[PDB]
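Turn these sequences into a full structure, and let the hints guide you.
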Amino acid sequence: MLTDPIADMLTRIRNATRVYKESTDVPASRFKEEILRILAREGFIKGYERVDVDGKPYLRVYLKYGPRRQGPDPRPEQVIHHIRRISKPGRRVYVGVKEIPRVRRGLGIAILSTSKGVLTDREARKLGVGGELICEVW
Amino acid sequence: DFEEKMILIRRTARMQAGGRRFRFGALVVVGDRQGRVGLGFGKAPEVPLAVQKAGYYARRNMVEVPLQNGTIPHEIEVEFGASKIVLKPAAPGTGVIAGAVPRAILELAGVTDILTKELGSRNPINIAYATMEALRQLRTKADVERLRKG
Amino acid sequence: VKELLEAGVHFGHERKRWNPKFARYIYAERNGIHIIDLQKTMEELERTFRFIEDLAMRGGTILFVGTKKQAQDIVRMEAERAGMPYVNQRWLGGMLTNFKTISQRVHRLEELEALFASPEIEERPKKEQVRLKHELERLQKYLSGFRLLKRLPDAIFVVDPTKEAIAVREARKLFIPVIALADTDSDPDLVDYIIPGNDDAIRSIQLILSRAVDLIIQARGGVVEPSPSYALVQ
Amino acid sequence: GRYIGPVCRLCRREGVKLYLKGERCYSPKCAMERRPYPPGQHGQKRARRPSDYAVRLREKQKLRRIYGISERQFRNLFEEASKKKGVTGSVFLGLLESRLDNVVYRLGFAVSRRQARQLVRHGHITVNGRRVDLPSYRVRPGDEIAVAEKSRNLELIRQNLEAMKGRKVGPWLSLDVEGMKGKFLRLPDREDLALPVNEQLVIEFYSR
RNA sequence: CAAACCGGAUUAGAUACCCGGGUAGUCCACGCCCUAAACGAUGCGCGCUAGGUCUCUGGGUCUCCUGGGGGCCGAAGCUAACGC
RNA sequence: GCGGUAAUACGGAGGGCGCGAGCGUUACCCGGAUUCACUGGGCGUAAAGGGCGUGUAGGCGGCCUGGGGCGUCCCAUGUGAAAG
Ligand SMILES: [Mg+2]
Ligand SMILES: [Mg+2]
Ligand SMILES: [Mg+2]
Ligand SMILES: [Mg+2]
Ligand SMILES: [Mg+2]
Ligand SMILES: [Mg+2]
Ligand SMILES: [Mg+2]
Ligand SMILES: [Mg+2]
Ligand SMILES: [Mg+2]
Ligand SMILES: [Mg+2]
Ligand SMILES: [Mg+2]
Ligand SMILES: [Mg+2]
Ligand SMILES: [Mg+2]
Ligand SMILES: [Mg+2]
Ligand SMILES: [Mg+2]
Ligand SMILES: [Mg+2]
Ligand SMILES: [Mg+2]
Ligand SMILES: [Mg+2]
Ligand SMILES: [Mg+2]
Ligand SMILES: [Mg+2]
Ligand SMILES: [Mg+2]
Ligand SMILES: [Mg+2]
Ligand SMILES: [Mg+2]
Ligand SMILES: [Mg+2]
Ligand SMILES: [Mg+2]
Ligand SMILES: [Mg+2]
Ligand SMILES: [Mg+2]
Ligand SMILES: [Mg+2]
Ligand SMILES: [Mg+2]
Ligand SMILES: [Zn+2]
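Chains as they are written, first to last, in the deposited numbering: chain H, 1 to 138; chain E, 5 to 154; chain B, 7 to 240; chain D, 2 to 209.
Simulated from the structure, these hints should not be mistaken for laboratory data. Among the hints, a few may not be true.
Unchecked claim - Below 16 Å or equal to it, Euclidean Cα-Cα: the simulated EDC-like pairs (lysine to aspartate or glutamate) are:
{"hint": "1", "chain 1": "H", "residue 1": "64", "chain 2": "E", "residue 2": "137"}
{"hint": "2", "chain 1": "H", "residue 1": "21", "chain 2": "B", "residue 2": "195"}
{"hint": "3", "chain 1": "B", "residue 1": "139", "chain 2": "B", "residue 2": "160"}
What the hints assert, rightly or not - Computed beta-carbon distance windows for the label pairs:
{"hint": "4", "chain 1": "B", "residue 1": "117", "chain 2": "E", "residue 2": "153", "range": "52 to 62 Å"}
{"hint": "5", "chain 1": "B", "residue 1": "113", "chain 2": "E", "residue 2": "144", "range": "41 to 51 Å"}
{"hint": "6", "chain 1": "E", "residue 1": "123", "chain 2": "D", "residue 2": "208", "range": "40 to 50 Å"}
For every residue, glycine included, the Cβ atom is placed at its ideal position computed from N, Cα and C.
Spelled out as structure tokens, the structure:
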């Protein structure tokens, strides 16, 4: 049993990107889904999809990297350089609309669950809500 | 053209039968003060030789720094080995509030307002190497746009 | 120029000493041996030859490296067949990155190529005419085809990118485009322009490297008949 | 004035002419001309790479000795300019340059600041026509700095405004040579001041 | 077999190493003691991230696939380095 | 860390540096010290994995739906004296 499934996904992703996979399966959940939707909108992932690895439902996430580079070590630049869980179980982290993080001076997002749904830092600022700071990505 | 600062010089020692044999290391930054700097480590037999050689090495491995009004696009921390530099951007007037090693580097790139913290070990050689890897990693809103774009 | 849906020798080599990065170009494991995707050999072959073409059109030179004995001759002929440097014997560390120094080993060769003429090569000690005719034949040994380079190359043609994998590194660091004849036991990523095929049995190293120069001198105006070793490969 | 003591030894130590005495510092007689090395025994020995720290120190002293302010007086001015809203380097100068003692100097009532510090403590100077006998009084803009009606002709101030006939006074000050009035129009801008000092360095020193 | 011990040697000395003896103990039952370089000096659990190869033990269409376990070399990566 | 007969480290002198009606010393508090680390650290060899298990309280808890709305978030409002 996975202790935190949001973090297992944020990670699965991070591990995949770091070896430049094409895509990767994370087991399905509306919430995980709700998050990836945002990753797509902001362009951190090409897309997601509801594949079905042997009977049980997964989310094929498709990754997006940079172009090839010149020099020793061509490996392209990650589009997701950094993706970290802010609120973890046994240390939940809620912020009010007044103290929602400015991530990398905004060259990056923070994803927070609110009573108005899963939103980005700029999305919650407009709507005027806080919630549970789930992760920053930049 | 390029200015050179020379962050540190040192005198290392090797062991020989009867006596120990010396040499000199020289860390040097070069910069144009409008967005280009390079860090050079130059080791050699005589001081001024290794200073000179360090300068040359420093003109390879330049970094293009994205100065946004004398400062940084975002903030990074970098850990280089056991050292850790922390760069934080600042509004005009702030000046370079930084160590001696990263001031030298930052100043020659053109950064004229920045916040800075040296963390972890303080070995100047590594702190410099990290400051540089920091500048190397700065993206800007424009580069990030290119990356995400589909 | 292609030799299309054709596999005279092209395909699979190497057993299970592969590199899984090379797994996109593998068709199957036909009885203990990977088989290179016949299509993707041709698919890369198109893009890469277009580079090799366009670069020779602009006049620049291509450095042929081939140290392994299976191609240790195909290299020298096809590279003499064009105006290109070849490295045939062994790859000297620094030939690329320490060019300015590995160069002035040529300024001793050319200086000793002619130095066999002077009236005082029979005068001045006979015990010193011995290390200055054997040295000469050592410089002719290694720097055989390296003398042609007067400045860094624009691209570099490596047979086994894994055997002469220092030359792949050296180019890389100096930003010189790496072309290669890569095969199963090699990192596809380190090759800018790959020809996924084979680097043994001589047949495949001739078919590819011959066609290589066919497109070169085609772009050098000339356009000649086969001048190589189509039979001189047994 | 304040400090009190050989002054041109300071001109000499900072390696720049500081003009801490009006006349003569335009003659071929300021020591910096044909004696420009540091003072004392080891004046003429060659130098060593002054530390980062060393540089910031002298650069401060250079500024601070130019105005003849103390240092607890100077530090307070910089500390205020620090807290103050706006760019702290340039603002600092503005505060220094707003001191009555120096404003009197600038308007050429006195030939130098040391002398201007006297003219003030001795009440020859009016601000808005009321005697201000405080060299560190802060002249806000609009204020009108005059020579005191019943001072208006000492051998010194006569001869001193005599030279002010036909000389130009800073963009940020208007002066009247006749009635010996003069005005502070605006806090001088950094560019206006042609100060032989990198005020930035000074900021580094105080943040050690 | 052997702490202590009793002798013989060795040594400048020899409360030792070497030699000949030798009690407790080492053995068994029952009851205590609770320590350790009790070591992989590496808490337990779950997920993810190239491969090669040797070996123990299952299964299937058994040239090969697929489990569980024990080694080695190594991708990315980590590490102050060693190394993992 | 200086001093063992050529001391810019002791004592005086000339000279210089820094503050200046003050300048030093001692004492104490926070800082630098991410050196008790929430922000913000560690435990193979630097100090640090419990000798191993079984399990109590406690902490933590897969996928889907619905109720409540305790945490969480939002709006309005009252309070937050003076001095600082
Ligand atoms: Mg670390
Ligand atoms: Mg430390
Ligand atoms: Mg091979
Ligand atoms: Mg015995
Ligand atoms: Mg016995
Ligand atoms: Mg017992
Ligand atoms: Mg116990
Ligand atoms: Mg695990
Ligand atoms: Mg069997
Ligand atoms: Mg196994
Ligand atoms: Mg075992
Ligand atoms: Mg590695
Ligand atoms: Mg660690
Ligand atoms: Mg290593
Ligand atoms: Mg003496
Ligand atoms: Mg002595
Ligand atoms: Mg002394
Ligand atoms: Mg002392
Ligand atoms: Mg603290
Ligand atoms: Mg620690
Ligand atoms: Mg220990
Ligand atoms: Mg243990
Ligand atoms: Mg223990
Ligand atoms: Mg329980
Ligand atoms: Mg739950
Ligand atoms: Mg519960
Ligand atoms: Mg509900
Ligand atoms: Mg509630
Ligand atoms: Mg109050
Ligand atoms: Zn003077």
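Legend entry - residue 117 of chain B versus residue 153 of chain E beta-carbon gap, inside 52 to 62 Å or not: Hint holds: Cβ distance 57 Å, inside 52 to 62 Å.
Inset, instruction - Below or equal to 16 Å on CA atoms is what counts here, so check residue 21 of chain H against residue 195 of chain B. - result: With Cα atoms ~14 Å apart, residue 21 of chain H and residue 195 of chain B stay inside 16 Å; holds.
Legend entry - Agreement of residue 64 of chain H and residue 137 of chain E with the hint, judged by alpha carbon distance not exceeding 16 Å: violated, 24 Å
Inset, instruction - Sort out whether residue 160 of chain B lies within 16 Å of residue 139 of chain B, counting only the CA atoms. - result: violated, 33 Å
Inset, instruction - Indicate whether the distance between the beta carbons of residue 123 of chain E and residue 208 of chain D respects the range 40 to 50 Å. - result: Given about 19 Å between the Cβ atoms, the range is violated.
Legend entry - Cβ separation of residue 113 of chain B and residue 144 of chain E, checked against the hinted range 41 to 51 Å: Cβ of residue 113 of chain B to Cβ of residue 144 of chain E: about 47 Å, so the range 41 to 51 Å holds.
Going through the hint list in order, the structure does not satisfy hints 1, 3, 6.
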